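**Student:** Okay, here's what each chain looks like letter by letter:
Protein chains: 6
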Amino acid sequence: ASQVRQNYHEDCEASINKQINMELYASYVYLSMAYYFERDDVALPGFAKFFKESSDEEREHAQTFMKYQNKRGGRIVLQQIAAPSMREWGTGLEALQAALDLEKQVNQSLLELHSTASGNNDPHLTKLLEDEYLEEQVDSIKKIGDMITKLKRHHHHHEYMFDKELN
Amino acid sequence: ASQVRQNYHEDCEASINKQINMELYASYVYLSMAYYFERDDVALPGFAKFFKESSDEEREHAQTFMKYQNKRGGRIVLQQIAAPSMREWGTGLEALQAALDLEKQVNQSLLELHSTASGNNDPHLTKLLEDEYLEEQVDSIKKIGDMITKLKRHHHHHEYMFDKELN
Amino acid sequence: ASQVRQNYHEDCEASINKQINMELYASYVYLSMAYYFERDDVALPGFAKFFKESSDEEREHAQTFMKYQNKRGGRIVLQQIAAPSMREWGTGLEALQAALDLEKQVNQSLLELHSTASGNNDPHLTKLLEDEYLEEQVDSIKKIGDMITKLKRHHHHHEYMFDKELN
Amino acid sequence: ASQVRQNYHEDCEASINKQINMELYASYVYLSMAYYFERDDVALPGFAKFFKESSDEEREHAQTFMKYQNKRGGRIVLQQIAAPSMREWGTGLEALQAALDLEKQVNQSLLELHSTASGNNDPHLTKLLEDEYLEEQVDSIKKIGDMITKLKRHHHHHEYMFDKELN
Amino acid sequence: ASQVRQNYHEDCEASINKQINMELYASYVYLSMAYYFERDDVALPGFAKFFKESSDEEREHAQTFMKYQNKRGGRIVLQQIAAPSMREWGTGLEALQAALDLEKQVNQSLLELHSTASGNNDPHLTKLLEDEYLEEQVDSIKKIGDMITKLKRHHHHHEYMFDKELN
Amino acid sequence: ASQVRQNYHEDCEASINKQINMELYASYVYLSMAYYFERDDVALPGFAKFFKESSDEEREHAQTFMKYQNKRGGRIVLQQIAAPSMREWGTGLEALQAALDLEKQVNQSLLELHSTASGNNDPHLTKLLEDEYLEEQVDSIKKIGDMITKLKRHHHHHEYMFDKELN
Ligand SMILES: [Fe+3]
Ligand SMILES: [Fe+3]
Ligand SMILES: [Fe+3]
Ligand SMILES: [Fe+3]
Ligand SMILES: [Fe+3]
Ligand SMILES: [Fe+3]
Ligand code: NI
Ligand code: NI
Ligand code: NI
Ligand code: NI
Ligand code: NI
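Chains as they are written, first to last, in the deposited numbering: chain B, 2 to 56, 58 to 155, 158 to 171; chain C, 2 to 56, 58 to 155, 158 to 171; chain F, 2 to 56, 58 to 155, 158 to 171; chain A, 2 to 56, 58 to 155, 158 to 171; chain A', 2 to 56, 58 to 155, 158 to 171; chain F', 2 to 56, 58 to 155, 158 to 171. A prime marks a further copy of an entry chain.
A portion of the hints provided could be inaccurate.
The list makes no distinction among identical chains, and a pair is therefore deemed to hold if it is satisfied within one copy or across any two copies.
Unchecked claim - With a Cα cut of at most 30 Å, we get these calculated DSS-like pairs of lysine-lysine:
#, residue 1, residue 2
1, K144, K106
2, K106, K145
3, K168, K19
4, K50, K73
5, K168, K129
6, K154, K73
Treat the hints as calculated values from the structure; they're not laboratory data.
Using the sequences and the hints, build the whole thing.
**Tutor:** The structure is reproduced here in structure tokens:
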């Protein structure tokens, strides 16, 4: 097949492609939140900046996978990008909680993919998953947990303040 | 309705969401091309750079329409980003010609959107389109226009030289 | 008539004079709000500074219409500038809702002046309105919208904190 | 009344409000003059700049009195600003001659305001009038008088050259 | 036709070619004027510089339309440029008065070109005319009108001094 | 006649006017070639830039003859400037061969104008031609000669590579 392919189980190839789809999806969800917090009846510019940056991050995570698909000799197969789970994410706190669930869903995929790599004996791919994904994931789950706990005090005045620290 | 809405027809609100979806789809297609030209058996960096920047432009375009939705009081309704036409894009000349076609398609939409805004008497929305999309569209079409003319000379040696000046 | 006059219908020359008055009127309201929020039983330097900038901007928007009148061969007719009806504006939130209302009035007049310009096939005047008035108006309307949503969060303690991040 | 008021007779307070209104009227006259001298059938940029500056001067003198009213514990009451006498100011020499009489008019009211101030033994407010208003007024009257004798000389050629160093 | 053409009615295309030819004719007239004012029996370097600049201005306006014709997919067809009316332009005031009528002439054709553009629903080409041609034209007509009234005053001494600050 | 005129035969004054036309004609050909090589079905920015510089240079060579006419006491007579016969110039190689032919025409006229100058014992005019025209002409002719020999090497692929080293 490919002149570069060496020790790349087609099960791993297919899991990178499905994982490329998910980072684009999470990129799309954070892009909804980012601009939801810029509506004139929401106006939380800190939550908007926080989710814009995550939307760009997740789109970079998908591109690192695409670069990797080629490095190892696989063929990128892009599926559809599902519409985000909501249109209106509610308060900042509700927004963060969907992100916390969404971050952990990506973690359970990334940990399943690492299990696929470890089983087909791919150390290059376990190296990629640990150094460029599993670390960032556990870090961004922790950052949000801190945020969620800080934002739980009901109050709208308390949220406008915590917003000022995200800017 | 929202506090800020004035002279903003609901037909226009709905076209701007249609347009956000086309812009994001166009960004998806140029991301497909971009990394298709980074495959080991394609190996054209100059082309891959061009479609990477095109895919950022289109993503930048769709965000300016989302800022616009919120600017006017409209409400972003995000839909599914369909998967690209193809997964393999051919020679650079075939991808260029595919880019020219998608650029002229998006231009039809932007000109259709303009007539919808003239019809409803939204001069703020026609000024958005004239100053930020129709100029970028016509310019981009002519740039792709020239590139197809320089790249039609057969040879793959001509493609590799031309590639080295996109780079 | 005028050596420079060309394609300038008299119903546009008169809408520009009425508009120069209206801009001078809005300038006068923001001036009254500006020093109202500097009284010692009010003491809101962020609101005061905001409405001070807005008086200045609404004055310069009047002087741009006067430069334009002279530029086309028109003849400026200045009339009396009304005092605001109610100079006791209340809280910063009640003053902003009056700002939003007034900012939407001026937009309405500026849009009519444009429909007057388009019906007389004056592409110079429709361009003056699109660039220098309709854009600032929708922006100002959206920025005030955000402020009101933020400010209604009730408490004077919220207004004080909101005021400090307006300075 | 107020918690800052001390030795601020209400006849003083009333005749600051009156003076605010006069200063804004003068700002209006000079602004009328300023843009008159930019008519294409007048075309003296020196006088235009001169009166455009006096318009700013006088609007600032109004705000200094508005600041003073709050600083003392009186309440600002703004009034309708009258439209200027003319909206066609004639030659440059006539316009100066009008301005001289308006600056002599504003001087008379500032001396009356001072008389009211002393009779009521308000040394704070006579210092304000002497340092901020009465002294601008005499050099302003002397500057305008110097210009009038410089310009007396008939000729449009001599007004064109005077206008060159006013610029 | 072309591979870039989209929404470019051929009546627009024809009346850009016509306009190219008009702009080059104006470049020629002002160039005639420019070097006339350097005859040793005329000797006004201010007017020479002024029209020598307008000659450059207008030649650039031609090339912007030639660029526009290629950008849109029409074909440039150049025509013989007519010789100027005079080759002896008289006094400075007469030359301005000729220029005013030529700039008013070029304005009439640009508005017609705009009318053709809108009737055909080409928003790309009306934006071009408004941002690049119609607005240069009004200040140009206003600049030339200001000069004419400044120069009306008989005297060769007064033309010699006007000429000094045109330089 | 003229206060400055001295040793300027009328048959030289007329050859200079005919030459000012011819230079304006050559300027017009290079302008047409310049934007011809910018059409999207041609796409040669090196040739376009070359012939753009050559239009500009042939225009300034016209303005130097006009300065000279005035310098000697002559009287500029401007006539119509012909359009090129064929604006579809073909390949860059066919356009250059037409450039060489035209550049040799102007040399021929410039040499005749010199023989006219020498026969009338006008050492000023023969010096103007030797320094400012005959030198640039032989240089331009030789530079184009080199280009043609290089360009005829047939292939469009050679022309594209040649064009890039002309930019
Ligand atoms: Fe991720
Ligand atoms: Fe786009
Ligand atoms: Fe305004
Ligand atoms: Fe004053
Ligand atoms: Fe022009
Ligand atoms: Fe030449
Ligand atoms: Ni608090
Ligand atoms: Ni509480
Ligand atoms: Ni005299
Ligand atoms: Ni004199
Ligand atoms: Ni070969």
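**Student:** What are the numbers of the hints the structure violates, in ascending order?
**Tutor:** 3, 5
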